[PDB]
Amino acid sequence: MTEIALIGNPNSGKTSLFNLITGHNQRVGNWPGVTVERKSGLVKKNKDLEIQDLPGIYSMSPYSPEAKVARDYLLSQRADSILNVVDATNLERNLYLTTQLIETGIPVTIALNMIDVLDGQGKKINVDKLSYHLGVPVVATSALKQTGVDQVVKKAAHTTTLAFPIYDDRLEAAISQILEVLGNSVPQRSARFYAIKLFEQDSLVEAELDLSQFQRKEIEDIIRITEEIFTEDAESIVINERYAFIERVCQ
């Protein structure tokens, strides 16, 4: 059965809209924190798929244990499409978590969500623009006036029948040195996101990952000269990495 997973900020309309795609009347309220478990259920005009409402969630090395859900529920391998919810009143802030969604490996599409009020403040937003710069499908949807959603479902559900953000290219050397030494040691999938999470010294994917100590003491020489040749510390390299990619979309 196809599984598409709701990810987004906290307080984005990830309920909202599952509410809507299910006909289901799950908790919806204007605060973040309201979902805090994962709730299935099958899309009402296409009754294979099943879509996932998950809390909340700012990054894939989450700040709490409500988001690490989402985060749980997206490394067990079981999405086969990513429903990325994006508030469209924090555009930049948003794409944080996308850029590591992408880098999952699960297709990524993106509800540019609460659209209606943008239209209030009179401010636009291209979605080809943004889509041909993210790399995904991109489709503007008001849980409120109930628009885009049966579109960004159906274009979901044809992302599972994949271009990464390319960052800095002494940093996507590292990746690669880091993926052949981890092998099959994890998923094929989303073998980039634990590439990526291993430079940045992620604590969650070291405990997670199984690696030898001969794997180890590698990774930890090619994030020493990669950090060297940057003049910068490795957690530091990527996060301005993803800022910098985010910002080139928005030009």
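Numbering follows the first chain given and starts at 1. For the two forms, the rigid core is made up of the largest set of C-alpha atoms that agree within 1.5 Å on superposition. First, how it differs from the form deposited in another entry.
- In the core-superposed comparison between these two forms, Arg27 has its Cα shifted by at least 2 Å.
- When two forms of a protein are overlaid on their rigid core, residues whose CA moves 2 Å or more are considered shifted, and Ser64 is one of them between these two forms.
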Given for the second form:
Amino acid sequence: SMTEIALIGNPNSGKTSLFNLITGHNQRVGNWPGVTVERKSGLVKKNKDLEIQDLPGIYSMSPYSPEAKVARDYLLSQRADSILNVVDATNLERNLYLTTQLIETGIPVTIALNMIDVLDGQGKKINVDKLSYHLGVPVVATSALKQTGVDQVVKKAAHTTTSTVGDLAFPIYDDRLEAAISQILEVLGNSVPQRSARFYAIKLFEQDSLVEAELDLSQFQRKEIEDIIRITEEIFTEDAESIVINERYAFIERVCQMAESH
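Could you present the same protein in the form deposited in another entry, rather than the form deposited in one PDB entry shown above?
Just this one chain is shown here; partners and other molecules are left out.
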């Protein structure tokens, strides 16, 4: 209908429980084209102008699994206006790995910090506002068990969209990697969508074959990117894939130190 919201998080983060509260009996079950992966969507019960596109639970957008491919293709397309990232608050650091990839898509992320009621019993506290600040995304505490925060997070995701968010606030990595990403961006120009340019730049840096075949870049474009990779790999003395994963982990680690307590 009007605003299209992508619902995604790790498996066992409470996505289904949240999807059900939000949509009630306005659901639609189907098929992602060509594959047997279930496509589920629904209208927001309290606001039929908002549709929710549920996406398969994944730990990462990287793998060449059907589930991750579905998520990648949907989120690199133009259908979604907002990403509503369901996060398991009792397992924050591992959940944020996908989150970082989600922000890089350029579709504005809103986090539903789910399982907020489980924290206390585990002797765990989170500073929602501090977590929100360091990720550059809105964060709203939710619980599908106690049915709290649900309307609040939906409303926030609905007002944090591609049409209302001006500048992309991606996670900032080591200068040396940013220099490489920045240089790949220079080379790319119009060859990639402006919103998801950085996502494409990181993928080409990681030497993603699917993206490489998709983009069909020129001789000169492909050559410069090769030289950027080799020189940066040399600078770090690691392969590209490992540089990126280690930058994500360092960033996420910082963030969890700032926001988590015992």
